[PDB]
Every structure is written in structure tokens, then in C-alpha cells.
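2 protein chains.
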Amino acid sequence: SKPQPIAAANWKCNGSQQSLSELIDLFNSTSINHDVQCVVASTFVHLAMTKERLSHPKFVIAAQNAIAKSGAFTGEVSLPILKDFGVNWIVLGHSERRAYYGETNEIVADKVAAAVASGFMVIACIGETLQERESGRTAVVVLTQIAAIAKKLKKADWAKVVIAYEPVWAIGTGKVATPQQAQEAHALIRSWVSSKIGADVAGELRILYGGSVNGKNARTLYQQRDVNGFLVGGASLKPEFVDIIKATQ
Amino acid sequence: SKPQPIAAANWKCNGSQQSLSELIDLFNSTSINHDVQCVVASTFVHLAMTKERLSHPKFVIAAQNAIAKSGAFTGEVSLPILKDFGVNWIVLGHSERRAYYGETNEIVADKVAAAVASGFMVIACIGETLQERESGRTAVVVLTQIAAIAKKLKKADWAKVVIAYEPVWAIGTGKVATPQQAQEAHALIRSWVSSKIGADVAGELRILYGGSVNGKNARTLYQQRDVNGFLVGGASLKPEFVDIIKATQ
Numbered sequence: 005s006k007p008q009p010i011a012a013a014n015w016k017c018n019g020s021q022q023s024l025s026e027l028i029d030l031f032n033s034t035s036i037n038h039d040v041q042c043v044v045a046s047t048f049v050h051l052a053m054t055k056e057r058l059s060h061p062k063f064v065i066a067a068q069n070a071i072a073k074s075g076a077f078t079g080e081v082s083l084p085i086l087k088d089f090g091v092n093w094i095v096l097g098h099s100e101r102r103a104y105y106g107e108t109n110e111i112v113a114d115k116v117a118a119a120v121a122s123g124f125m126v127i128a129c130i131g132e133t134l135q136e137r138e139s140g141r142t143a144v145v146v147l148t149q150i151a152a153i154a155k156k157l158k159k160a161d162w163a164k165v166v167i168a169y170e171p172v173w174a175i176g177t178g179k180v181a182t183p184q185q186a187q188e189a190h191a192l193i194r195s196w197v198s199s200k201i202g203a204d205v206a207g208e209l210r211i212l213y214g215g216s217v218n219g220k221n222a223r224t225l226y227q228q229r230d231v232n233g234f235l236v237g238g239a240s241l242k243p244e245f246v247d248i249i250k251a252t253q
Numbered sequence: 005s006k007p008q009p010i011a012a013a014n015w016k017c018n019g020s021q022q023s024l025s026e027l028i029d030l031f032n033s034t035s036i037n038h039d040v041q042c043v044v045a046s047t048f049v050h051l052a053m054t055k056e057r058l059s060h061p062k063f064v065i066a067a068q069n070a071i072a073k074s075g076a077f078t079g080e081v082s083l084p085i086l087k088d089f090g091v092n093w094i095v096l097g098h099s100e101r102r103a104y105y106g107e108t109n110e111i112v113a114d115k116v117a118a119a120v121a122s123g124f125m126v127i128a129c130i131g132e133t134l135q136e137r138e139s140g141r142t143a144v145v146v147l148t149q150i151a152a153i154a155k156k157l158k159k160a161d162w163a164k165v166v167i168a169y170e171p172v173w174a175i176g177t178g179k180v181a182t183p184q185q186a187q188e189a190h191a192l193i194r195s196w197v198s199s200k201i202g203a204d205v206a207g208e209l210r211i212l213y214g215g216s217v218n219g220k221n222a223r224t225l226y227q228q229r230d231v232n233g234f235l236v237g238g239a240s241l242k243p244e245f246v247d248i249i250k251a252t253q
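Here the protein sequences come in this chain order: A and B. If you use this note's numbering, the first sequence corresponds to residues 5 to 253, in order. If you use this note's numbering, the second sequence corresponds to residues 5 to 253, in order.
Honestly, the hints are just simulated from the structure, not real lab data.
Same chains, same label: a pair holds when it works inside one copy or across any pair of copies.
Only pairs whose alpha carbons sit at most 30 Å apart, straight line, appear in this in silico DSS-like list of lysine-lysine:
#1 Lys242 to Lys73
#2 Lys73 to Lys179
#3 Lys87 to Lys73
Based on the provided sequences and hints, a complete structural model is requested.
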């Protein structure tokens, strides 16, 4: 007994008008019987194509990042612009941003808080690196990341929030993540919420697995108690994403 | 005598569909009688709308930033995507990116060399800080900036390149440089080019001025020998942009 799952595709910084147009087609064709919220995070450049072309009812569009206020920030995109453009979902705190683009826990927190204020559905991303994991700091890192976010939110605000746990330790390091491992990080997340904010919020909360998912291991992964879905990377530019959606039943 | 000037609108992280379409309607409406290349730099989100409605033959569209390669860069936009979409101009190394988002002299040179290799027309930004100018180290800052970019370029590559000189202290402050300051700055940059690269190149290079340029003051600035145009933020959201265009020749 879980809440509404989410199948989110993060296309990352990839795609051509041609290649994504076809994807969108496959997607619009998919027969999805159950209650699943499907998401497509395109680049900023592709949002308009993606808006016109996604006709599927179970699918919404999401951005891959934003900054809270419009103004003198050459190359950046703000919340109000996305709001006016009719984007209502957004991915924040993605590890790649945390790594290459100076995204601290506090910077992330501000973004989430700003988004929730604007009325966005937010997929906020947390997860520890290998070094962190290997030093026995999984708990401390992860709970810190959620706590920084939590600081800027009222109870009410939680309804607009989705947590995606990214096992950075397993991503591009040579390591394998198991379903039990996933579940463990997940559990811990829920625990902290449950305790700090409340059981009600906790049960309503969506925790997404944001590691290596493919159409083969996605049902086994969904099988775990605190796995509400996936934040997908690689298999999101592929047909396989449909199986991924189907695994949420 | 002077190469063909550029008047570029740096919209920065601003706009709404309604508001931008208005600017565009005016733009289109305007009669430009002289040989000038007008550039419009919109957010990624707006490249669609802009490219679709902008009909004026003397205007081109430009992106405000990018990264060189596609891949796993959540939130970013790569040259290949831009190219695929129809963009051939790009503003790189803007000071806002150097301050806020970690863009080093090396990081700029790297984006510049790439963009030029992909076939873009690049507007490269260089400039000193308030601090730097007050200690009298301007000449040092600019030449290092310009020199970092040169390092990665071929002589033929200079054909695709446009240098914008944007003293950071003049950026959105009202504190515009005087025609003498702009001129000494520009002449210094030109001198570096003719020396290190070649007089051929130097004579053809367009060096634009940026920092509190408005309808009133543009005229005088342009009157300077080595000032080939402007890069305009704030005034480019208004109709006065029209005057700025007409201030060149």
C-alpha cells in the first residue's frame, strides 16, 4: 500500500528534434492502465516541441533545472518564465548539478522552497557519493540533504514534493546497487520524514529510485516497500522506458 | 573603414511570451536602412517562439550560453542541440557566468573553441571588475582574458569571432563608461590582436561595447574608432533598442 507512483524520464542534455519526436510518438501510443504519473524532463530548448507533441493523458512535462528570480543571469532560466510557459513540474538538485555546477545543500533548498511557493510539483534529488558511503556517512549525508530542504518548508508544502534518492556511489564507479540497498536508503528517508514531519506526510510521500533502472530490473526494484517509482536517466531515451512505466503497477 | 557593426539584445533571464512577442512586433516593424547585423539573445525556453515570429532580415537569433558536448548534464544545453534547432550565434563568457557559475578563462576558451568548430558565430565576453579597475590592473585583466581565448583558436577561426568588452562596473548600474574609456579599452584589445594574430584580422574584428548602453549615450560611444557596436541588456527589453540600432552605421 503505497501512493501514486511516478515514472520520470530525465533526457538530460541530449536529443534532436527528429529523435525525440519519434520517442514521443511511441509514448503517446503506449497503453497504460494504472494510476501512474509519467514525467518527461526535456532540455529547455525542447520544451515547446514536447508540449505540442505529448498528447498522452498520463504524461506531464518537466524542466531539468531553474533559478528562482528572473533578472541578470545570462544563460539561466527562472521559475516565473517556466510558469508563464506552462511548465508545472521540475527537477532540482540533480547530482550532476551538485557535482559540476556548484549546487550546495542550501542552494538546492532555496530552489525547492521557491518552486513550491510558485506552485510547482517538485522532484528534489538527494544521494551520497562512494567516498561518503565507504566512510560510513550514508546516513549523515542523506539526512542532511533532506533536512536542508525540510528547513524551508511548512507541513502543507510536502504535497508538492517528491524525493528521488540517487545512489551516486553506484553511478559510473564500477559498483552494483541491489534492491535491498536501494530500499534501505529509502526506508531511512521515510523514517526521518515520518519522525520529523509526521506519519501522514510520510505515507503520502513519493520516494523515487534514481539509479540504474532498465526494463529488466525495474519490476524487482518496484517490489520493495518504499520504492514509489523511478527517476530515469539512460533508458529514458529508449523504448524500454515503456516497460519501466509498466513496472509501476 | 569600420567593419559591419553588431547591435545585440542580451535579454538575459527575463521575459514572458506576451512581452517578448510585443518587442518582436516592433523589431519586425522597424526599418533598418544601413548595413548592421542585429542579434537577439533569448532564454532557451524562448528560442522557439523567437525563431518562429522574428521575420526581420537584419536580425538573427542567439543563445545566451551552452556547453560543448552532449551527455549527462542535467539542466544544460549543448552546442549540438542548438545547432540542430537552427541556432548559429551564441554569447559566451558573460560576466554573470564568470561570477556566479564558475566560468574561468579556461572554461570560456574551451566553450569558444568548440562553438567555433561547430560553426557558430560567437560573441565572446571579456571585462574587468570594479576592484580590478580601481587597482589599475585593467590592461592586465583584458589581455589575459583575450589571450586565453586566442590560445585555442586558429587564424581562420577569428572570422567567426566577435569580442564584447563589458566592464563589470558598467553592468546595470547606470555607470556607463565614457567614450574615452571605451576607446582606450577597445584600442588596447585591437592592438593585441594585430600584434599576436595579424593586422588583417585586427582590422576585421568587431569589438562591441557593453555596460549601461541606452538610447541617449549610444551615439557618442559609436563615434569612437574602435567601438563597432554594442551588446545591450536592460534597454533591449524596451523600445529604445530601436534607437541603439540606429546609433550605429
